[PDB]
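Take a look at this single chain, the form solved without kabiramide C, given in structure tokens.
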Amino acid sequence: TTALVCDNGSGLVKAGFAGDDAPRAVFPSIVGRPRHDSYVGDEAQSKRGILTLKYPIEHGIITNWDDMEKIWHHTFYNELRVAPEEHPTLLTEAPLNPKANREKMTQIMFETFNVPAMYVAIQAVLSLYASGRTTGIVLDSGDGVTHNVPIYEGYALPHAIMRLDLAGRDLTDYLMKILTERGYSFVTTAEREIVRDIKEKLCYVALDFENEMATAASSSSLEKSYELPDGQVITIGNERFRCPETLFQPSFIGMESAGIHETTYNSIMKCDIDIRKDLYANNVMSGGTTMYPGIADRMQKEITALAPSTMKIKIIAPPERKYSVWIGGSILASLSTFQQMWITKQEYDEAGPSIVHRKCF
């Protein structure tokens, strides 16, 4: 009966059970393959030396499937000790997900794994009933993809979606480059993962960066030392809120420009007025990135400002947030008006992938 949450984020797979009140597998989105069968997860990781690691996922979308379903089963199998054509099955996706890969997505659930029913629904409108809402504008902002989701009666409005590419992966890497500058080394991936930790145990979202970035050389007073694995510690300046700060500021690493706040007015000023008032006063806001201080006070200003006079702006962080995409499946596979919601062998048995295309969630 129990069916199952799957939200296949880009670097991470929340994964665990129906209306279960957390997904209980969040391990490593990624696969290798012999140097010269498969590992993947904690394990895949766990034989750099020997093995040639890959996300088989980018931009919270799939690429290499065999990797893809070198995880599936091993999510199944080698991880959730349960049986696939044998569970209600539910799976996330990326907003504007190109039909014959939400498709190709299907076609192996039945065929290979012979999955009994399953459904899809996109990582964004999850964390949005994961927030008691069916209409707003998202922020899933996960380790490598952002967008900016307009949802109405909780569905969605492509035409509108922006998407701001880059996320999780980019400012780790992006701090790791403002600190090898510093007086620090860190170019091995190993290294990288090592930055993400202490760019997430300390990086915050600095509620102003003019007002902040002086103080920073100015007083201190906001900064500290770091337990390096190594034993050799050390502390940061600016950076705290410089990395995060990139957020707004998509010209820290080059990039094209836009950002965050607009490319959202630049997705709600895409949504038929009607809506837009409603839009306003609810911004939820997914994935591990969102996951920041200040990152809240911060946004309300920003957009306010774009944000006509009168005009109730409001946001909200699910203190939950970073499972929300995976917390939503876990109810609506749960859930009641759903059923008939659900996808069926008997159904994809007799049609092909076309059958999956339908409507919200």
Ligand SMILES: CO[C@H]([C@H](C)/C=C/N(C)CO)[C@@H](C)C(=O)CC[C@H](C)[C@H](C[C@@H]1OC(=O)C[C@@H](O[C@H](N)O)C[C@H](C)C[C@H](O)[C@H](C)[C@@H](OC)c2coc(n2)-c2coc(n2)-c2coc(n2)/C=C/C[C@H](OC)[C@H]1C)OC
The other form holds:
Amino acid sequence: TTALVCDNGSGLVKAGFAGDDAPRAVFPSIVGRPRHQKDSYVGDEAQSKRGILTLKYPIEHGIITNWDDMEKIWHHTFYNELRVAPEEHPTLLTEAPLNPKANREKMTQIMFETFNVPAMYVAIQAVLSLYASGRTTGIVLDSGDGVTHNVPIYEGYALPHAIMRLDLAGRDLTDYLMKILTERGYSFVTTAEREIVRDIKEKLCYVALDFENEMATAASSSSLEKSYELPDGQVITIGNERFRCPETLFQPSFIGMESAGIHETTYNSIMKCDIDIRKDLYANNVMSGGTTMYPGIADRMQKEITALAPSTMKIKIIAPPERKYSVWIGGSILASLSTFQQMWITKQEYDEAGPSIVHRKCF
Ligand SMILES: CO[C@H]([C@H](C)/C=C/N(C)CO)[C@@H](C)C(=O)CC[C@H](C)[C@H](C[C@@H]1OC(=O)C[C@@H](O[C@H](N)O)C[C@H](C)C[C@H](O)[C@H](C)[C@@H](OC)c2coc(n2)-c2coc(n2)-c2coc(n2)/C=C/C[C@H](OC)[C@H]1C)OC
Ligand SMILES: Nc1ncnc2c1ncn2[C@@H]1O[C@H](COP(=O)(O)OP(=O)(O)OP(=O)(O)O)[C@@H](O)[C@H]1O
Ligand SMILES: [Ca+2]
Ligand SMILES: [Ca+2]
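Previous: the form solved without kabiramide C; requested now: the form deposited with kabiramide C bound:
Full complex below, order starting with the chain above.
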């Protein structure tokens, strides 16, 4: 009996089989319907046929907002991407920190009534990422395509009163890179061009240890410049934009947001926790999600947190190499454990108790 693990993000779905080291399927969280031969398309195919479709993202800042399109995503995941019959597999799903109770119930109803799963469970994304690092205590910085959270976790369980949310993440960074490249004299505005710039961001951007110092290097030399061959055949050159783009995480004012940067929100989150556990959190800052993939980010975070924390505090930033998929991995591990098998919501329990069973069984 093989459990499935489906990690639904704002930008990407990561899906596969519990016990595997990586998701089998990773595809965009998009649903397309024809503009005025199929009635709907999902993921890669929807992207490929965009010219004749209207696209929608059913998950916004980590929260499911379009339930009909979300059902389409799950159907596509089971039947087309993984090629499984969902009625044959226990299914672990993930959710954002502070996901409303009613959303959890809707997820539960759909899984049992629409897909007829034999069992299910819903876990908090950041908690899973911590488990994937071999820890049950620490503070997670989870940053994806749509949302960023700080989530302190103690002895296996999130501390909800100390969780911080920031609606600044990868899509915002892609858009800002587009803007600053256009200012350089290139032209990136269209949808095809957004996809191109996202690739540039992922290949060439990095976090500077010191922003001003690196700006000065870029102003007076070509040493930080890299080139990129566009699909249309123009080779462009990229310099300070490489580190200016993700600098926005530390200084959101670059895109006109008033928020604290990720170092300050981490600190604020720790300070909302019991004094007895803060040292444990400071020593176990774990980074998760695609927007934490920038080279240089761990060292920069070490620097910035050290400057905020008491002078004698021991601080460690952990940045696992597989952290694009840490949420999914944690789910794969959790759903594999013998101790976990009693934690599943069963179809019998659903049939008797209804969707609210999820509140009794899922932390
Ligand atoms: C039962 O759950 C309770 C509670 C009821 C739940 C509460 N909530 C859900 C709260 O919200 C919960 C508190 C708790 O116990 C969770 C435990 C965690 C999932 C986790 C469990 C441990 O698990 C852990 O400690 C996880 C770590 O395993 C190891 N062995 O140290 C992960 C590594 C550091 C990194 C990977 O090697 C690396 C990322 C990569 O390696 C190739 C990899 C990718 O995928 C995998 N590894 C993978 C997928 O499946 C597995 N690995 C697998 C499936 O089973 C296991 N491994 C078993 C490993 C033995 C571990 O102990 C060393 C395991 C017990 O501990 C951090
Ligand atoms: N090497 C990289 N450098 C910078 N960003 C990257 C890199 N790899 C992936 N990303 C970005 O990570 C994002 C996707 O990450 P992830 O899958 O963790 O997000 P999600 O789960 O879809 O979104 P969210 O968690 O915000 O709901 C995209 O914005 C993508 O461009
Ligand atoms: Ca995510
Ligand atoms: Ca500011």
